[PDB]
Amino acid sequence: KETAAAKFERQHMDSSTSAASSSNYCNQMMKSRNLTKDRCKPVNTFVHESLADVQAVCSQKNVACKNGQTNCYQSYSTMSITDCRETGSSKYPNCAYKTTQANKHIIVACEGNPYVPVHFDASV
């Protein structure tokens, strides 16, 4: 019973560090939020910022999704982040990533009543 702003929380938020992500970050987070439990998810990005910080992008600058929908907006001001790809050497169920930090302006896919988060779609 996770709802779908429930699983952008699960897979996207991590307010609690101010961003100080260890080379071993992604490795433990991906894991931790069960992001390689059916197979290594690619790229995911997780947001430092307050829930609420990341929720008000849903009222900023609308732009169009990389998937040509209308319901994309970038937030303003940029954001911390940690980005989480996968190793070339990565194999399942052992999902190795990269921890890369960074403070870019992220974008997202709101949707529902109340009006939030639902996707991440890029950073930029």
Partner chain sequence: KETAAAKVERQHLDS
Second form
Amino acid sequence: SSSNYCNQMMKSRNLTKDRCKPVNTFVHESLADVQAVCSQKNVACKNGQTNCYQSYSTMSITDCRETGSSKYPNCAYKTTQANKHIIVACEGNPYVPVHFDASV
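The block above covers the form solved without its partner chain; next, return the form solved in complex with its partner chain.
We keep it simple here and write out only the one chain, dropping partners and molecules.
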């Protein structure tokens, strides 16, 4: 693992300590603003469920993707920064995000 944001955060958040996760997205917004998405635009999820919601606005996100040579225990990631709408699946009470369906 290098020193880029992805290699470090994937490790710190317990994603690559015992495996190399192929892809992962980190959202750079307040927790409350992401939870607010559960009452925004209702859309179908990839699996066909209707408990997904798309954010009205784009959000700051960092995409982390394993390079072609990455191999446990030396996971390596390519970091890509972008601003896009997020789609999360929500459940429970309070109605909060439990899955990241995608980013547009």
